[PDB]
Structure formats: structure tokens, C-alpha cells
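Participant: What follows is the residue order along each chain.
2 protein chains.
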Amino acid sequence: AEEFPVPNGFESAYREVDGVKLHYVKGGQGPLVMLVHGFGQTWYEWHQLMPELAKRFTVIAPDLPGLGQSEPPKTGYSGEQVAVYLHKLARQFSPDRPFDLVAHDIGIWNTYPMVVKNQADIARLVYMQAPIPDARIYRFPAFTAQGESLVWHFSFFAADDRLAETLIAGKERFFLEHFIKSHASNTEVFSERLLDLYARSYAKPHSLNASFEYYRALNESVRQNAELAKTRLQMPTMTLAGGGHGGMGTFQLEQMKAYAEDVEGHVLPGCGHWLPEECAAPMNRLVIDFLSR
Amino acid sequence: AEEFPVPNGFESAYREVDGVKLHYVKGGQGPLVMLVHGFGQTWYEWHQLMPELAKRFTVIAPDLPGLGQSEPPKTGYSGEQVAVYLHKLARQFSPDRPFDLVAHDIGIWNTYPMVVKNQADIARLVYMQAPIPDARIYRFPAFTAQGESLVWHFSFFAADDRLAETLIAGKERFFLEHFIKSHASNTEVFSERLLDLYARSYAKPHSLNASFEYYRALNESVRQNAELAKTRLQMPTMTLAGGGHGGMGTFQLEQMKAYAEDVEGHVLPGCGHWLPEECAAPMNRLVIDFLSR
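For the record, the sequence lines run as chains A and B.
End of the first sequence sits at 293 in UniProt numbering; the numbers just go up one at a time, nothing left out.
End of the second sequence sits at 293 in UniProt numbering; the numbers just go up one at a time, nothing left out.
Note that these hints are calculated values from the structure, not bench results.
Hints are supplied without guarantee of correctness; some may be wrong.
If several chains are the same, the list does not tell them apart, and a pair holds so long as it fits within one copy or across any two.
As the list claims (entries may be wrong) - Heads up, simulated DMTMM-like pairs for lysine to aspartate or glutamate below, C-alpha to C-alpha not over 25 Å straight-line: (1) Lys171 x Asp160; (2) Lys55 x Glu188; (3) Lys181 x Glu220; (4) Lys117 x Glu16.
Chain A with its partners taken away, still in its complex shape:
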């Protein structure tokens, strides 16, 4: 019944949060670290980091609402709405201590509002490989002198008429493999077995739709964040980005400098978008050291 194999010593479980049944994988002991995945993926993208982190922390990795084995949200897909589910989930497990947060891709979109509104609950923050929704996203190019651009998919996924679901249905494995590899530097880490697992998961009709609903809410999140951003983040923050094909480069740290007072950043040469898989060992090391300081 599990969509992905659970690491030894971890449990797959469910918690109801505001009427929404969320799936997560949990292990370890100590202060809580929540890990939040992004588009095309599930909790499983963290499966190499989780056992190392569980040596020193309690580690929880949820499926975003509607993705993996988590139920769709009953409110909506904008960042402020989804962030409520994730914040209350973390609070069920760390009610008496601030917790750490690591997020990738749209996991950023779905956590930033709860970080900025509940700063006393967040001990340390790691964000990798996606902009915080704001006006800067309107500057990315539609097309480049080398071919397809990094984020033309924002428009593809946000289009109405269920454009993305209709074109991708029946071709979910084909599309996801193209999407992953077109934003990767290191494609060999994506075995046919691994692509099969991710494709089977997001091909569930409610999960295919949920994937794109995050993008259909992106302009709403941008508008939400315009007000939230008047309060800068005060906790220690680290950004990570790939320096290779598919990576955000220096954008990640430069944007975060406008949001956070105490921020450090690293660009990983030879790595693209999918840092936990393409560049697991150095990504894991940087996260662990930053969180363990």
C-alpha cells in the first residue's frame, strides 16, 4: 500500500489536520526537523537524508496535500492556506520547542507564510531550489538562446481548461522523466525504478490535479506574500542551490537576503534542481552541519 519504501527505523503514519488526512514518515529522537518536498516528488526525496538526520533529531517528512498519500486541502492551494496544515502538523509533534524546517521547490511556497507568521516556532530554516513567490518570478524569461527556459512550466501548469492534466494524462511517466531530466545536471541518479515510483504517485488523478493547483494559486501566493514580507525573518537561515543546468545559481541567496537578517548560502557546482538526489552527499552534509550547530 506504501507508494515508496520506508527506511529502517521509520514509521509511515497519518494525522488529521483541520479535516485533512495527511501522510508522513517519521523517525528519530530529539528536536523536530520537518522536511517538505516539492513538485513531481513526495516525502521519498528525503529518504537518504532522513536516516543521517535521525541520529540527532526527530525527523518528519509529510506529503504535501493532494500529493503522495496526503488528502487534498479542503481550503485551497495558496501558500497561506497550505502552510496552516503543515504548521499544525509540526505542532502536534513539537508543541513545547521550536522546530527546524527544510524545504525544496514548492515546499518553500507552502511553508514561508507559516514561518513568517510564527517565527518563535521556527528554530532554523533551510530553503533550496525555488523562489519565494514574489514579483521576482515575473522576470524569468520565457525562452533562452539555448532552448527551453527554467520556469516556462509555471505558465503551463497555471493554465486553465485543465490544460496540463489533459495533455499529460496517459503520458505521466514520459512527461515526468522529461521534466526531471530537463532540470537536472546529473541524470544517471534517476533509475527507471525511481522514475516509475514517482510517476505512479503523481499519476493518481487527484494528485495530477493537485500538482498543478499549486501553480494555479501562485499569483495568489505572490499577493499574499507581498503583505507577509513586511516582517523580515529573524531565525538562522541557509539557502542551497545548484550551480549546474537546472539550478537557481546565485538567485536563491540573493532573494533570501531580502527576506532574512541572518542568512548563509551555498551554490553546488555540478548540481541541478534535484539536490537531494543529484547531490545527496554534499547537500546532506551542509544541512546536517547547519542544523547541528
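Position chain B relative to chain A; hints supplied.
Facilitator: Same frame as chain A, but now just chain B:
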């Protein structure tokens, strides 16, 4: 067999040009005007303008290579390669006199090189609703505060692994309706009957692939034009652009001023991309008046 109904008094015919059988519709008497369609359509987009122009001109409307009933090109799909076919076709019917040219969308891409290389063969020029391929196209955004951007489809159509044909095959009628209407202001001119006609034509497998090969050659066309643009156009030119949803707005004229010495531009309010259909009366009047000087 005709994919579209020929206007009364016109003939549907073919002509072999450098080994490629081009389809065209021809009527009228007098000096030659060639009308060149763009993406998603065929010669038929001109069918309301042709009877009017034919009162004063010989009018020819070819199908672009690979599209409508024309064979794919044997050289390639870059602007400079395709323009050879169109120039030679026009000169078969106007061997000793300059002709007029009207082009829409990627018809611009496929005619600009033969215009700049054979300026004495072009009496007057009308371009509407697309950039000439140059470095400006790398500045359009992937995503806008309103949502879908104008030209995110550049990356989609240019993507490798035949991404666009693989996703759109079997769904051509769905996709073309969405593409056309999302770039329109006056959407109700696109009846189901008309969409059926256009979709059946570009769903031919070689036409679906040809459609996207034009975008796969776009960066080559940009590199070609960087050299060709060192000479400005000297003949009278007019640009038209829609001012409504889907329209190029002031960009059309502002770019043309870098390419032409003698240019007047119009922005048609309440009109999007598909000027001949969305705004037939004002567009036809503008074109007929400009060519009748």
C-alpha cells in the same frame, strides 16, 4: 481534396518549388500580393480578406511548408531556409515586377529574410502579431501577474524529445482551441465549426511536427537575422497588433522601427492575436487602404 472552402472565383493549386510541393489559393487580377499565415492556421485565415483584395490585385495565399496541404521543406525550418521557397513561389507569378507581402505570426519569421535579401522584389509590406526573431524574444517573461504569458509556448514547442508532439498527439482539437482562445480577445468568432476545420489540418502527423519544427529552428533564425538586420528595410511597411488579450500591443511597431526606415503602426483595441478573424472589418480596411496607395 480541400481542407478549407475556396472563395468563389479562386483556385486551389500546387506548385513544385525546389523539390517541395506547395499548396496555394489564387485569385484576382493585377499586381501580386502574397499573404502568409502563421501557427495553428493555414491560408484560410485570409479567406475574408482575399475577395476584397482580389478586386485590385492578384492574390496568392500559400500554406507554409509542412502545414495545410504543403509538403515539408527539404532544407530546413529556419527563417532563411523557408523564405527561399516563398520568394521563389512569388516570383513564379511576378517574375518582372515587385509584389506586396502580408504576413501574420510565424509568417513573419519565414518571410523577413527574403524581404531583406531581395528588397527590390517587395513593393509594400504588412506584418502583424509576432516579433521578428532577434534577441528581444529572450526578454519576454515566462509568467505574468495576470497568469499565462504570451510566449511561454516558445519553450514548450522548442523542447527536445518531441515533448510537444508527444503530449498533443490525439488531443489536437483540445489543444488548438485552448491555444487560440487563450490568445484572443474576441473569442466568440472561434466557433466549434471553425476550430474543427483548423484542428483537422494541423492534426496530420507531419503537420503537427512541422508546426513545432519552426520553433525548434527559432534560435537559428535569430542568429541568421543578427547578420541580415545590418541592412534596414527601405520599402513602405505597416505593422498591426492587437491591443486586447493576446495582442502584442506597442511592441510590434517599436521593434519594426529598428528594422524599417518607413513604417506606420496600428494597435487595434479589443483584438488579440488573431486579427483577421477577431477584427476582420478594421484589419481588412487597414490592409486594403495601405496596399492601395
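Participant: Compare the structure with the hints numbered earlier in the document and write down the numbers of the violated ones, lowest to highest.
Facilitator: 2
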